[PDB]
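One chain comes next, on its own, written out as C-alpha cells in the form solved without adenosine-5'-diphosphate.
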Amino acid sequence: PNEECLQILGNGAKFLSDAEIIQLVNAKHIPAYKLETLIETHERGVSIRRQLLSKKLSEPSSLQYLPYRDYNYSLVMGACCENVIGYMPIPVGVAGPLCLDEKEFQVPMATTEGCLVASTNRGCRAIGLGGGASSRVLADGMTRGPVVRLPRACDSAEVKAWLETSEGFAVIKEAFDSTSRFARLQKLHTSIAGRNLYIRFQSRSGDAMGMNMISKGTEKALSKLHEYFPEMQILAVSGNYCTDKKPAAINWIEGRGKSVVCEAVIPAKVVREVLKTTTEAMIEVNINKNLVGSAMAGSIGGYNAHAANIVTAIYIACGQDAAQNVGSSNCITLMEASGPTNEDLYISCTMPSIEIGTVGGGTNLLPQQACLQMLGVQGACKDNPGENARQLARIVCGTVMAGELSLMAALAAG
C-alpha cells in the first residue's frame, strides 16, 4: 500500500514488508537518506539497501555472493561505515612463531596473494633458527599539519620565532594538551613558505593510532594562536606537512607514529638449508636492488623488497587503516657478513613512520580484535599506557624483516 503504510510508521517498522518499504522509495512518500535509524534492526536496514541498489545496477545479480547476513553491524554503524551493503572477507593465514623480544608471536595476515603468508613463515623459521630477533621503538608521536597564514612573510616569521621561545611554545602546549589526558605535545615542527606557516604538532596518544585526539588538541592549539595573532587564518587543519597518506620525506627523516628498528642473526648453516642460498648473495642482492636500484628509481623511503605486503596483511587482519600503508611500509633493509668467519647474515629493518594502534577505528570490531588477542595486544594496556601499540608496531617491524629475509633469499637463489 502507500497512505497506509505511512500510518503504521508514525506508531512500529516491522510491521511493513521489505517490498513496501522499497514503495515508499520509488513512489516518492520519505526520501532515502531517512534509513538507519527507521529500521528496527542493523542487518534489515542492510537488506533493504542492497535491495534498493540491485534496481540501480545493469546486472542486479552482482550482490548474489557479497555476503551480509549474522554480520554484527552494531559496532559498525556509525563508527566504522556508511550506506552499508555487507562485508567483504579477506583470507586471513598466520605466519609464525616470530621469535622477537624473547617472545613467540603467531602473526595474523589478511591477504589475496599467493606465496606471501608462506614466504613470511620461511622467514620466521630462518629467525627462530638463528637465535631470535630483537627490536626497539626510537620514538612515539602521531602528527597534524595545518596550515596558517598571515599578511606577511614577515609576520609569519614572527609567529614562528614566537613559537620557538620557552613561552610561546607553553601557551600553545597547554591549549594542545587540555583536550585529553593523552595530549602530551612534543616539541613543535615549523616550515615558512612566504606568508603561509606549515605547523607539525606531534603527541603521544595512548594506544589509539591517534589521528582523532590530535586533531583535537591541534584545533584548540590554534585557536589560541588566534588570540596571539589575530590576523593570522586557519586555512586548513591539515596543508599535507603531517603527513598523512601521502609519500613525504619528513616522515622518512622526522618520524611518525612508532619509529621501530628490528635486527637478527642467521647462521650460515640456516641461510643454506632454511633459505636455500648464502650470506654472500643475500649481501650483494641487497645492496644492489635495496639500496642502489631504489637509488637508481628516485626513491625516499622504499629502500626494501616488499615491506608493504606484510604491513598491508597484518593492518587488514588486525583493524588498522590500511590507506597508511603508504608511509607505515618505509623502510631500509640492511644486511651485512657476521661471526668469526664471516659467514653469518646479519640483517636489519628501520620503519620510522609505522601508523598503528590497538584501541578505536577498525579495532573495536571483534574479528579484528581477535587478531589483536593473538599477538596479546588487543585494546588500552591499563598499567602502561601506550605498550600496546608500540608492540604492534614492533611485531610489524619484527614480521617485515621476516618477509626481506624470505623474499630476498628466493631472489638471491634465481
Given for the second form:
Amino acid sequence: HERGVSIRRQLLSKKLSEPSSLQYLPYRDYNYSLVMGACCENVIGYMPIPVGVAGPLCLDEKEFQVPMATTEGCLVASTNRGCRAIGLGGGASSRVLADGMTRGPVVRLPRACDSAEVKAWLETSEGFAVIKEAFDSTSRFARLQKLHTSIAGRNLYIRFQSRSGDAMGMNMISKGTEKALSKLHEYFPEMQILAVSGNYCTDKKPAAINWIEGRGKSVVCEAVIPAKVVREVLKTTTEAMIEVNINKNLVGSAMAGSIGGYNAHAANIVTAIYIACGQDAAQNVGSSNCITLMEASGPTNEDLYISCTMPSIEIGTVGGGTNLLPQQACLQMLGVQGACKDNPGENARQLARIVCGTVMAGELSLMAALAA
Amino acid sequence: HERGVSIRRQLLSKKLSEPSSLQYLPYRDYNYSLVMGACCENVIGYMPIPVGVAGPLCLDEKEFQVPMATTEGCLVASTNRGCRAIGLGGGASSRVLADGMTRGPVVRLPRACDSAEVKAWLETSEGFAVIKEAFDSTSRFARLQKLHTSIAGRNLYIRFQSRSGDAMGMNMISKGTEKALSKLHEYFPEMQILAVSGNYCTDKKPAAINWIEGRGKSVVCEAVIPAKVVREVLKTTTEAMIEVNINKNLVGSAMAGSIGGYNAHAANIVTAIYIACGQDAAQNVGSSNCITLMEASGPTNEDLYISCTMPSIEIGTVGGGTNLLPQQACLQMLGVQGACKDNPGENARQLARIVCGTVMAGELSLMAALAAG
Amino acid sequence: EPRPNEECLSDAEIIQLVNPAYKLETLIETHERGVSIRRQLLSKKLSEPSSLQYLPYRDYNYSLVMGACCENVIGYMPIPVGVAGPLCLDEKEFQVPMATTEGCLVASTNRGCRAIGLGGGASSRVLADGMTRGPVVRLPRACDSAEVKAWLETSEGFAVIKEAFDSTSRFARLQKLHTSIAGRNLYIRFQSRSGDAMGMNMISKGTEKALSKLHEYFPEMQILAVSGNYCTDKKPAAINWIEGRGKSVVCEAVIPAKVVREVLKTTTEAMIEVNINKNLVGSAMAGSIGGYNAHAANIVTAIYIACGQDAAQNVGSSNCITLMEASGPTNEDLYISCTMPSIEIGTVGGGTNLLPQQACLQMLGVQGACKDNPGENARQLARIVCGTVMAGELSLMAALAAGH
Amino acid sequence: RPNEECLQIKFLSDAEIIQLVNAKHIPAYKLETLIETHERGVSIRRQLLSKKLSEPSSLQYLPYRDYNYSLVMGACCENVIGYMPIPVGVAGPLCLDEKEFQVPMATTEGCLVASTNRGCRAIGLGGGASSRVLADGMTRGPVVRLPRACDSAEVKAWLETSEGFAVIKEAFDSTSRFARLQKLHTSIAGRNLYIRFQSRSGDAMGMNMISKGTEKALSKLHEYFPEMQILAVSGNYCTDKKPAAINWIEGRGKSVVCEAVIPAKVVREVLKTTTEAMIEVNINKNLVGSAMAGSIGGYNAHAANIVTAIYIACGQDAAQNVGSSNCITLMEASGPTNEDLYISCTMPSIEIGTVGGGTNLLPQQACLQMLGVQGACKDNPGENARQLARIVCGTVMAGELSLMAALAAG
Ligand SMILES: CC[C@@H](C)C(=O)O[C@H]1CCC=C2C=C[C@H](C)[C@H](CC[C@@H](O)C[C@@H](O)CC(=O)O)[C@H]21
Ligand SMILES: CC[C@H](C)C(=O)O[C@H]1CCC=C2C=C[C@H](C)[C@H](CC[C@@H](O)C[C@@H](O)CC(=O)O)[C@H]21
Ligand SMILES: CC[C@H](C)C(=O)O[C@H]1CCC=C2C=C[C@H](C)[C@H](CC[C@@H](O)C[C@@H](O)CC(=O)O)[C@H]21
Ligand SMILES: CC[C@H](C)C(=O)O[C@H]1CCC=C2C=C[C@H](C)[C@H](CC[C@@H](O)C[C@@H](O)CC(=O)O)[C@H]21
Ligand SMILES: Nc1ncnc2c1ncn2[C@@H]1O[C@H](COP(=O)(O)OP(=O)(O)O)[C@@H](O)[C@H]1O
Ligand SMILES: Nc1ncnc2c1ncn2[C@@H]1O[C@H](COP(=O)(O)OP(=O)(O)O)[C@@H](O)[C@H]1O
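Next, report the structure of the form deposited with adenosine-5'-diphosphate bound; the form solved without adenosine-5'-diphosphate has already been given.
Time for the whole complex; same chain goes first.
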C-alpha cells in the first residue's frame, strides 16, 4: 500500500508547477489497508490535524475527556473553561429526545391526482406496514419508524425515518429506501423514481425540515452555574450573560434571517469533535443546529440556568471514518467506540449527548467572553 | 516541546476507563512549535485525515490538481469523474463577484429614537468616513467597504464589510470593528456595546443575510458538457440530468424549507478542500451555500450547460491553519500558498474560484449518478 | 334646544349626556342610531370634522355585527366585488366572487379560467385537513419537559389527551400531536378537524381542556400561553409549509398549445422558462419559504374578503408552489399544477355569518354547514381557492412572458 | 323583439340585452362599454349570473345600488356585480409622537377593535408612543439573462460602476418627478441576473411607478448589452406579495420602529397583568416560539390582524399584508424595580400609500382623512405615506400589548 501511495505521489509530482510542495505532505508509516476501497481514493498522503482535550465534562453523573481536532486558537482552552464552570456547578444533565436518520427521495406520477392517491395509501397503517417490511428486509439494523410525505403537483417527496444501530446510517438507510421504493413501484407501476435523494432528507444542506422534525439524534442538555462560579470562573455576571444571549442568539439571529442558528458557535465544537472521532465533517451543516437559552435561577436570581437544544445531530460510532485506528482511539477515550453489543444504538446516543454537552460548555465560555 | 505532549498524554491516560485508548493516536515527530500558542491547546497528538487528489480541473485556461481530505468513500473518485467531464468539454470559467469578510456586532441605546439617530448618522458620507478611518487604522489590509445596519427597537446591529488581503479576515475585521465602535462611542456616549458579534455577521450559523448579501468571496462558475461526454463519461443524458436538477435542487430544496441549500452536495467538496488546505472547517456551514443550475445547450439542445453560484465562500491563504506545513503543501499544490505580494488578495480569490469549480465537478458527478439510477 | 341632564331624547341631548362611546348600543334605541351618535362624537375629535361624510353607515344590518364581528362601529367599508368564471373544476363549473380594489386582477383571473375551460378543465384533491393551535408550557427542568414529551408520545398518554380534547365539541377530533422542546419549554402542536368551521375558536377551547388534563398528570407544568406561536397563526412559518395547516390542496390542468397561443398570447416554452426562473430560482434567491408562486396572495385575499374569511390569514393561506412543464404527444401543451399546504378556511362562523358574505358563499354552493357530510363545504371552498389561484398564476405568467 | 330587430345597438330592455348575450352576440365582460350607465351594467351582469347559479337567488343579499362605480370601472375592479360591506370600527386615541389619532379598522373578527382600543389606552396613560421612519423605498426585482455567467458577471460589475449606475438612474428617474433610484442590489444565479431597483415614490405605494421606471432602465441597459434577454419585469426578487428574507433584511416600502413605556400601575389596571408575566410570554412566544416554528419575519403576536384591518379601511392593497406584517416585538423590564414595561415594534417592510389605487375611492378617502393623511402631501411629498406607516406601526404595537396581556392573564 505504502509503495502505491509513493508512486501515485511521483506521478502527481509531474503535473504540479511546484513539485517540491509534496515534500511536506506526510504519507509514510500510516495504515492504508483500512482506508483503501473504503474511505478515500487517489491517496497521496494524510493531513495531520492537531488534537486537544477539554474536560472533565461532568455529564449525567459521568466525567468525559473530550478530544477536539482543530486549527483554531483558543477553542480548546475556551471549551475547557466552560467544562470547568459546569463541573463546579454540579454538572450537566442531558436527554435524547428522538433518534432516526432519514432519506428523502423524489418520485413522480403521471398526474397530481395519482400522486395524491399514493400519499393517501402511504398514510394508511397497511401501506406503512408493507413499506416498512420491504425497508427493514435490507439489514439487521434498518428499522423504519415513520414516513412524512409532501407533494408538489405530480411530484411526491417521501421522507423515510429509520433507526440504524450505532451507525450514522446513510448507506443503510439509502439501501432500505431503494428497496421500499421498488416495492412501492409494484403497487404503482406508473410511478417513476427520479432520485433516491430529492433533497427532502435533508442531507448536508440547511433545511427547515431538519430543524422542525429532527434528523439523526435530537438532544437537550442543561446546567445551573452558581453566581460565584459565573463571577470567578467566567469573569462576568448572570445578568450580563442573559442580556447577551437574548440579544445575540435570539434577536440577532432573527434579524439575520436564521433558521436553526440560534446559538453562538455550536459549529466550532461539533466540527472539532467530528473530525477527531471520524464522523462526516460535512454534516456539521445540519448537526450544528442549536438554540441556546439562558435564565436567572436560584434564591436571589443570581445563578445562571443554561440549556442547549440540538434537534439534528448526525452521528455514529461504527462505519465510515470510525473504522480508522486514530479515530477509534478518540472514540475509546470517550468510551463509545464501536457497536454497543448489549444494546445497539447506545454508543451513538451517548456520543450525541457528549456533543450537546460540550457545545453547551463552549457556548457558556464564548458568551462570557462576549459579555466581559 | 514534544515531551510536553507525551506527559499530558500520560497524565490523561490514568483518568480514562481504558488507559490504553491513546495507543493508536499518533503524536511523535510533528512540528508542535507552529501549533502551540496559535492553533490548538492541551495537545495530546494529531488526527491523520486521508488526502486524495482530483484533477486536472480545467478552470479559466489553467489546470489544477485539487487535494481533498476525507474519510468518505467515493467522494474523490466521483469528483475526479466530474473534472474529467469538464475537461473534455473545453473547461470551466469562473468569476469572483464580490469580496469582503464581515462582523456584525450589536450595540444598544437608551431608546429606539436614539438608535434610529445612530443609524441615520452612520448613513451619512461624513459618519461613514470617521468609522472607516478608525477601522482602517488597525491594518494595512483592512479596508472598510460598507456598512449595513439594522434596528430591533433600541438594539442596533451593524454589519461591517471589509477586504483583508489574502487572509480569511476574521481576526483583522474583528480588531477593526472594535476600534470603529470605540470611535462611534465618542459621538454617542450613551451607546452600550453589547457584543462584538451579535450574530449579524453571520459567522458559522445558517443565515439568510449571508445568502443574500454575501460573505467572504461570492463566486460563479460554469461549463458546457457535450452530449457525447454526458453519455460516455457521466453515463446518462442531458434531459435526465436537467429533470433531476430541477426536481431535486430546486423543488426538493424548496419543499424542505432550505435557504441557500439549492445544490446536491457542495458541503462535501468544501469540507474536503478546507481540511486539506488549513481553512476553518466549521465555516462549511455558510461557505457551502450554493445554487446549482442546469439547462440544455447547443444546436440541438442536447449539450449540458451547468453553473454553480456560491455567494459566501469564507477562505484564506495566510494565517490560522494555513501556517502549518502539511496544509501549506496542499496550498502550494494549487499555487496559492501565502500572500500575493504584487496583488494582495489574488491567492485567496484564486482558491475561492478553485473551490467553486471543484464543487461544480462534484455536482455534475453526483447528479449523473442519481439520474443514471 | 337641549334641556338639562337631570331632565334627560334628541341627538344633541344624548351627546350632551355622554360628554363611553363604545357602549352606545346598550343605551340607544336602535343599532343605526348608536352608530350615528358614535360618528357625531368622533367628528368633534377630528382635525377635519367632515372626514366621515363619505364613509357609509345607513341601511346596513348591524344586528349580526354588534358583539360578534366588530366593536366601536362607525360604519362599513364597501369593497367592489367582481366575478371570474366559469372555473371548470372537477367536472363542475364555478362563478368565483372576488372582492378587490386592484385593477386587472379579476379580468386576468377570468382569462386564466377561460384557458383552463378550453383545456378540458382542472382537477383537485384535498390532501389533509386540520386546524392547529401551538401552546407553550414550561417545566422546572428540561429533563421534566423531555418526560412530558415522551408521555405524550405513548398511545395511552395521547388517549387521555384526545378524550379531554374531544369532549369540548362534536366536531373537535384530535388527529395528532407534534411536540417540540426548547430547554424546559415544551411546544405542543394540536391538530384537529372542525367540521365546516375554520376552527380557531373550537381548537383553542379544546386545547385549553387538554392542557388542564395534562396538568393533572404533571402538576409542576406551567401553562405560559395558549398560543406559543407554534401553530403558527398569521405569521410566516416553515412549520405550516412543511406540515400543513387547515386544508392542504393540490390542483392541476393541461392547457393545449393552441389555447396557450390564442388565449394566453404566448408559448408553452416561454411560460416554462419564466416559471422556473421566477417562481423557483427567483424565490430561492430572495430567501423565500413557501413563496414559490407569482401572486397566489392576490387571489386568496380577494376570495377571502368576498366570502367572509379572516383576511389576515392570507399570510399563511397564500403559501403555494406553482409548477409548469411541457406535455402532450408533440410535447407542446402546457401542464400546470399549484400546491397549497395551508389554506385556512371555513363556511360557518365569523364573517361567514353576515348576509352579504353568505351571498358570495351561496354563489359557490358552499354556504354554511354540510349536514350530511360535515366539512365538505369547507373542503370544496378550499379546492375552489386552489383552482382560482392556478387560473390567476396562468394568466400573470403569460402576461410576464409576453410582455403585457 | 327578435335578435335581428334588436339591431338598435338605453333603448333596449334588460331582457333584450340578456337575449343578445345568450345568443353569443355580446361578451358579458364588455357590458360596461355598451350600457350608458354603470349601475345598469352591474344590474344586467347580476341577472345573467343568476341564471347560471345552482341557487338563482343567491345574489339577493349582495348589495350593488347607490355606489359610485365611475371611480371603480376601468381602474379598481372588472366584471362588477356589487360590493362587499366590511364593518369599520375605531380604536383610539393613539397617542403617537405628541399627536392623537383615531384609527379606523375594517374587520369581521370579534374582539380585535376592542383589544386594540385597550392597547391604545395603556399607551396613552403611559405618556404616549414615539416612532421613526428608518428607510423608504418601494422595489421591483426583474430577472434578465445573458448567454454566459461570465457575461452576467460583467453586467453586474458595469452596474456597480458610478458611471454605469448614473446611466441607469437617468433612465429610471425620467418616468416620474417622484422617482429617485436610490440603489441597486444585484444577485447572480449562473447566467441569470436579478436586479433589485429601489426608489422613493412620493405618497404612492409605488408599484406602478417603480415597474415603469424598471422597464425604462432595462431598455437602457439593453442598449449597452444587446445580448441581454429580459425574462420578466418581476423575477420574484422584489419581493412582492410572497414571504421573503430579502424584504426582512433589506426592507421594502417603509421601515419603521415604534416604542413606549407602560407604567407598572397601568399594566395592572388597564392590561390586568404584570410586567414580569408579559416579558416571559413575549420571549417564549415571539422569540423562542417563532424560532421553533421556522419563521422569517414573524416574531410578533398578531401584527397581521392590525395591518389587514387598517389596509382594508384605508384602501391599501390587502394582499400586501404578506410582507407588510413582518414585525419583531420586544419587551423589556424597565424602571426602579424592573416593574415598568418597555415595548418596541420594528416593521421593516410596510408597503403603503395615500394616493392611487383603492385610495381613490371616496369611502376609503374618508378613513384616510380621519387620520389626516389623505392624498398627496403638497408641502412635503411622501410625508402623508410616512405618517400612515408610523400610524400602522403604532397601532400594531397597541394590538401586541393587548393580546400579550390577554395571553399572560390566562
Ligand atoms: C386567549 C387568547 C386567544 C386564545 C384568543 O382566541 O383571543 C381572542 C378572544 C379574546 C381576546 C382577544 C384579544 C385580541 C386578539 C384579537 C385575539 C385573537 C387573535 C387571533 O386572531 C390571532 C392569534 O391566533 C395569533 C397568536 O397569538 O398565535 C382575541
Ligand atoms: C466574536 C468572537 C471574538 C471577536 C473572537 O475572535 O474570539 C476568539 C479569540 C478570543 C477568545 C475566544 C474564545 C472563544 C472562541 C473560540 C472565540 C472564537 C469564536 C469564533 O470562531 C466564532 C464566532 O465568530 C461566532 C460568533 O460569536 O458570531 C475566541
Ligand atoms: C446519495 C446517492 C447514493 C444513495 C449514495 O450514497 O452515493 C454514494 C456512494 C456511491 C457514489 C457516490 C458518488 C458521489 C457522492 C460522494 C455520494 C454520496 C453523497 C452524500 O455524501 C451526500 C448526499 O446524501 C446528498 C444528497 O444527494 O442529498 C456517493
Ligand atoms: C407584475 C406585472 C406588472 C408589473 C403589472 O403591474 O401587471 C398588472 C397590470 C397588467 C396585467 C396584470 C395581470 C395580472 C396581475 C393582476 C398584475 C399585477 C400583479 C401584482 O399585484 C403582483 C405582482 O407584482 C407579483 C409578481 O409577479 O412579483 C397586472
Ligand atoms: N451496532 C451497529 N450499528 C449499526 N451498524 C452496525 C453495527 N454493528 C455492525 N454494524 C454493520 O456496519 C454497517 C454500517 O456501516 P456502513 O456500511 O458504513 O453504513 P452507514 O453509512 O449506515 O454508517 C452495516 O453493514 C452493519 O451490519
Ligand atoms: N366593546 C369595546 N369596544 C371598545 N373598546 C373596548 C371594548 N371593551 C373594552 N374595550 C377597551 O378596554 C378598556 C377596558 O376594558 P375592560 O378592562 O374589559 O373594562 P370595561 O368593561 O370597562 O371595558 C377600555 O378602556 C377600552 O379601551
